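Heads up, the chain below is alone and in the form deposited without the ligand; it's given as structure tokens.
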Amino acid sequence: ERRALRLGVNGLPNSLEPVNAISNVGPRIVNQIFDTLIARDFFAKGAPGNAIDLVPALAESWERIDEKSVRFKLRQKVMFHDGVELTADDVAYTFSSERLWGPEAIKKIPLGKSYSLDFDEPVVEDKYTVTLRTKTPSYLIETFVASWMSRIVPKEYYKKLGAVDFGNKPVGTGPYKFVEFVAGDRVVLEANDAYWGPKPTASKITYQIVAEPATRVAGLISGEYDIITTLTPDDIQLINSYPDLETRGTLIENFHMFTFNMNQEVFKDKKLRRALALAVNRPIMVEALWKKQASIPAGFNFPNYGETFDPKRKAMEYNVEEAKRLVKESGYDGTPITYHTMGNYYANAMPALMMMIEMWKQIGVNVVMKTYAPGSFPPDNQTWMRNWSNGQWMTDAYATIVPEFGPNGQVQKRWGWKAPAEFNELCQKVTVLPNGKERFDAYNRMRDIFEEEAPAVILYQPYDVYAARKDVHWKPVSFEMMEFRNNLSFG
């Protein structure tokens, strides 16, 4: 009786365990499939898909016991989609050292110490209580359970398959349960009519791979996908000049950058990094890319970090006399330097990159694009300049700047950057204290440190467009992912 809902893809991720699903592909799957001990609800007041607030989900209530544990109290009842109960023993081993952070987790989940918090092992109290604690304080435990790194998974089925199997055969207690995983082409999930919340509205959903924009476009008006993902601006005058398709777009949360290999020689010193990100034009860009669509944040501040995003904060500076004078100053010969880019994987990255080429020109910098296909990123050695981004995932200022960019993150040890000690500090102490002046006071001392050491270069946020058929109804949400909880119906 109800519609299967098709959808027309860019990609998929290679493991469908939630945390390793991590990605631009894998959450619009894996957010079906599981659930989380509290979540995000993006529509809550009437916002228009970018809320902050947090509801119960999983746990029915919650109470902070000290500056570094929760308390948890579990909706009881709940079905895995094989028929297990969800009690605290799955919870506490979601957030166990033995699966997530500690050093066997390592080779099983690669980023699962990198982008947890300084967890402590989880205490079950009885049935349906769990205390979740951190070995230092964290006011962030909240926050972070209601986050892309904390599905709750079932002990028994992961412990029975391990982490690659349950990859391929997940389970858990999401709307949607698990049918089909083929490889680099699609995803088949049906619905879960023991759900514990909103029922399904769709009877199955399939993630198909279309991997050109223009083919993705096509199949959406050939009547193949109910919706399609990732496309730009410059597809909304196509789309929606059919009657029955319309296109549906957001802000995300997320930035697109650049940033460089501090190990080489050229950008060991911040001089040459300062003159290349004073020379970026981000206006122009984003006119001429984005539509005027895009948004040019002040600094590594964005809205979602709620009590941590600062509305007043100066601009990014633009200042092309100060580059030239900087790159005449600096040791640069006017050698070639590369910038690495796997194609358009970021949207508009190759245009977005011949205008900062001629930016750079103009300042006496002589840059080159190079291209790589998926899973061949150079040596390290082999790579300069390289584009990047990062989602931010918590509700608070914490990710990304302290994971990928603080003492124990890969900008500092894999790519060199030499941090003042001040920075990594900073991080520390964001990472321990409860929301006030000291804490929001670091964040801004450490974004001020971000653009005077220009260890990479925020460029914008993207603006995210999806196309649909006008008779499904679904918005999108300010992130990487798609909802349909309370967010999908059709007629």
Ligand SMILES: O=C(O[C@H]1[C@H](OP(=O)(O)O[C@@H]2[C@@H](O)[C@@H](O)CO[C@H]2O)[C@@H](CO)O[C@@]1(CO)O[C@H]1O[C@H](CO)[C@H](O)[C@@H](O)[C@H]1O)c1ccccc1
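We call the rigid core the largest set of C-alpha positions that still match within 1.5 Å between the two forms. Numbering follows the first chain given and starts at 1. Compared with the form solved in complex with the ligand:
Positional change of residue 351 between these two forms reaches 2 Å or more at the C-alpha, relative to the superposed core. Relative to the superposed core, residue 279 shifts its CA atom by 2 Å or more between these two forms.
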The other form holds:
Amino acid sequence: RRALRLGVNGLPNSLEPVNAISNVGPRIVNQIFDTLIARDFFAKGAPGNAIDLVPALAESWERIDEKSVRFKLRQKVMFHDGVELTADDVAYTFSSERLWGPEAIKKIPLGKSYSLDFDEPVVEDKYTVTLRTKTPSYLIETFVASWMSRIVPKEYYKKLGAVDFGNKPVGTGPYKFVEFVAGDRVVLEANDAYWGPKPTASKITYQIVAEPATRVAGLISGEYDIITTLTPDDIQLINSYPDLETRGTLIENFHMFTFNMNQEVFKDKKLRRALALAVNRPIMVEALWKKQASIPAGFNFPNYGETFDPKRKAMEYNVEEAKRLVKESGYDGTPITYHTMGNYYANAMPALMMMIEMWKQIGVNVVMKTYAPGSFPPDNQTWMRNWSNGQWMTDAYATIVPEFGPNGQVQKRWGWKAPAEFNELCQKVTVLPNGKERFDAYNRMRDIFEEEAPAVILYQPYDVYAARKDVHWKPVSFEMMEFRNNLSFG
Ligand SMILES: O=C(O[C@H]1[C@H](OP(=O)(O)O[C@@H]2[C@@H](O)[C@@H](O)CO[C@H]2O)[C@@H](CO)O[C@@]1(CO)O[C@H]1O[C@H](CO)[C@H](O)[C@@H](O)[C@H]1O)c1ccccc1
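Form deposited without the ligand already given; the form solved in complex with the ligand follows:
To see the whole picture, the full complex is given below, headed by that same chain.
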């Protein structure tokens, strides 16, 4: 088998699966670990966007009541060190101690904020485990299929601790750990004892190449087989090669810009809203994304299923209202910084440069502050910054509630003083089954989000990869790379 070499835009700081949640972690952690329930993005000839859920580490599952799901596990599954997977490892993965309890915050900072209102799991036998919530939750199934739910080995994890585990991970996945050189590379090797489809590459290397031009040059020179995070602008040039091609797809994620609302200038919604109203998204999508990116109608996406609102109007663009809001605000003309880690996000810098011109027309001076990986300053030295959110559930709960809710980082760390009505609705949607009340509450939350502007949604990016034609691999509609039944050579 050939070794697979990947040129990437970044690497996570840890291989602990929850801590690795980002645009750069899942493409690695998806190889090392498995979940109880998995997604088959290729079901019924779908071009990597199928919503179909399939058994993975759990052979079957059944909802027992409004707050519990019982799982029957695959038998004789081995972690990379030969230890058999049991309900003990599954219970530990979803425990108060490791994930959501008070004693877990130090090791997994976002564990509690991203988790459901869990109750301690119940081990029925070696291969049977019930995952449950303290209050009703119809989200257990989607949570278990998500990036929050990769299964860790209890004994090995406890022995090492979360920090050391993140540097030497052990999972049940098709590829096993070889090396992790901080801010440089990750090397994995084929796990030939894998329970599912046998790995088709002998090794996988993820090498950071921060500059996209240098990344493209690496593919051309033959240093990489696949490269990530390109722009629709690179398409014509790569495709002009007989042996190279681009492969892209819209992903279930949105790019945005956000604010440090602890800062005096951003304490009030007025300037935040003015900045949002001046963003001409169609011109950015046309010029930088070649119409391949999509602009959502608010914090509202098709993957939400029953909680997606297809009748929702597009987000308002109003330069004249933006001009009035700036005039009425306390803003003087002082430059406002916008922090960006080069092009960690595809089109981060060209998008920002277009927005700086748009904002100059409304009387707001915004200045780009580009920083290197590991150079993100303390919070009080930041004003505006870019971000993204992967829409990780088949429900509107994610990411409006875990990120922007009362228990989330936007309110707790970034100082968004959310209206009381918003937090009340966040609590309601957590416990309610689908219906008119729940559907209407998400719409009211979307209206408040647009009015308050704690963040400004830009678009769903069109994720662009480039590969050698002799490397058969299709992208999926999520911020990760899938190699199961989706990687072959020659
Ligand atoms: O830029 C990355 O993370 C990004 C991550 O944002 P992503 O858009 O990639 O991932 C989001 C998630 O945050 C979550 O909302 C779910 O959906 C996902 O798409 C996030 C957490 O790792 O912090 C970020 C924000 O720009 O970064 C910010 O916070 C870190 C602080 O330790 C960085 O080191 C800083 O440089 C700084 O830029 C990153 C780069 C290298 C190592 C680790 C993370």
